[PDB]
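Quick setup: one chain, the form deposited without its partner chain, written in structure tokens, and binding and motion questions come after.
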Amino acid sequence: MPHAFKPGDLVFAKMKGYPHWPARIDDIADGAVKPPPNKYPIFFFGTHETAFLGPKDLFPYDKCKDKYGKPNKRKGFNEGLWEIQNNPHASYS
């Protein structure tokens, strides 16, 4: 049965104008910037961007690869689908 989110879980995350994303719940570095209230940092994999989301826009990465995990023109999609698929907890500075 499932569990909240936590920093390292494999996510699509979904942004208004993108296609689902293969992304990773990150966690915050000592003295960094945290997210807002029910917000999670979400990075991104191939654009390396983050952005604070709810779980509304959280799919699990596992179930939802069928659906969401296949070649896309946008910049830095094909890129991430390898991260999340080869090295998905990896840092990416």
Contents of the next structure:
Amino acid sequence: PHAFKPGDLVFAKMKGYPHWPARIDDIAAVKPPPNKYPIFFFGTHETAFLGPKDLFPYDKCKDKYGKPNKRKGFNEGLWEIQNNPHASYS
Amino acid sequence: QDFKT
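What does the same protein look like in the form solved in complex with its partner chain, given that the last one was the form deposited without its partner chain?
Full complex below, order starting with the chain above.
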């Protein structure tokens, strides 16, 4: 396995939220601190900076975290990561 | 960028 690179699909964990469908974004923009990545969250289309310890590869982990939730924006995010993970959501 | 709180 290799380091995360822009375009990689993941589940991303933030304090007080379930593991969320997301992608490593291109920094093309506020630049992350050392060894953290810019993360675009599907569904809510928000951004944050997370280190690998909160980043879970999509296809390994989707059986675990890819099940629908009742949380606002989550199911929308499953749709996005499954149907057009590399589109512009701007 | 719309930063998540």
